[PDB]
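Only one protein chain is missing; all other protein chains are in place.
Letters are used for the chains, namely A, B and C, taken in the order the chains are written, and counting of residues starts over at 1 for each.
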Amino acid sequence: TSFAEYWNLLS
Amino acid sequence: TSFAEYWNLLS
Amino acid sequence: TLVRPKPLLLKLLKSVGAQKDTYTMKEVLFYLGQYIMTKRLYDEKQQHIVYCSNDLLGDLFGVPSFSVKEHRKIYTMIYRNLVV
Partner (left out) sequence: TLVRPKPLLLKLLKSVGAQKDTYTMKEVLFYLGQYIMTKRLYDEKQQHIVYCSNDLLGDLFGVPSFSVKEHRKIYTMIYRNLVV
């Protein structure tokens, strides 16, 4: 899981 | 100038 | 205005965790930027240079490389890959 994948779960 | 700085000029 | 990516562009957005089949153009641009950073397709030294040959992104563009300063080219790539 990439940073962007984790980060996009915030929205 | 960072990638994000250049990229954000598209919007 | 919501836009609707064609399948290859949709695959690219899903690869960074986008979870929808429609987005605004701003959102498409945000996800595309996340993809380029994630894959480190930009030159570390002069960070407007993107090399995308043999990447999914290169297939979308139909070009091996581009500069982020080429706004007409980038917008045109995106539109070619939308269901309008």
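For this structure, a couple of remarks:
One rule holds in what follows: contacts are C-beta pairs under 8 Å (C-beta built on N, C-alpha and C of every residue); 3 or more make two chains touch, one makes a residue touch a chain.
For chain C, the list of residues touching the undisplayed chain reads 26-27, 30, 33-34, 37-38. Interface with the hidden chain, as seen from chain A, comprises residues 1-11. In the full complex, chain B touches the omitted chain through residues 2-9.
One rule holds for everything that comes next: only the chains that are shown with their structure count from here on.
Comparing the chain pairs B-C and A-C, the larger number of C-beta pairs in contact belongs to B-C.
In this assembly, the C-alpha centroid of chain A lies 20 Å from the C-alpha centroid of chain B.
Chain A and chain C have centres, each the mean of its CA atoms, that are 17 Å apart. Residues of chain C found to touch two or more other chains are 37.
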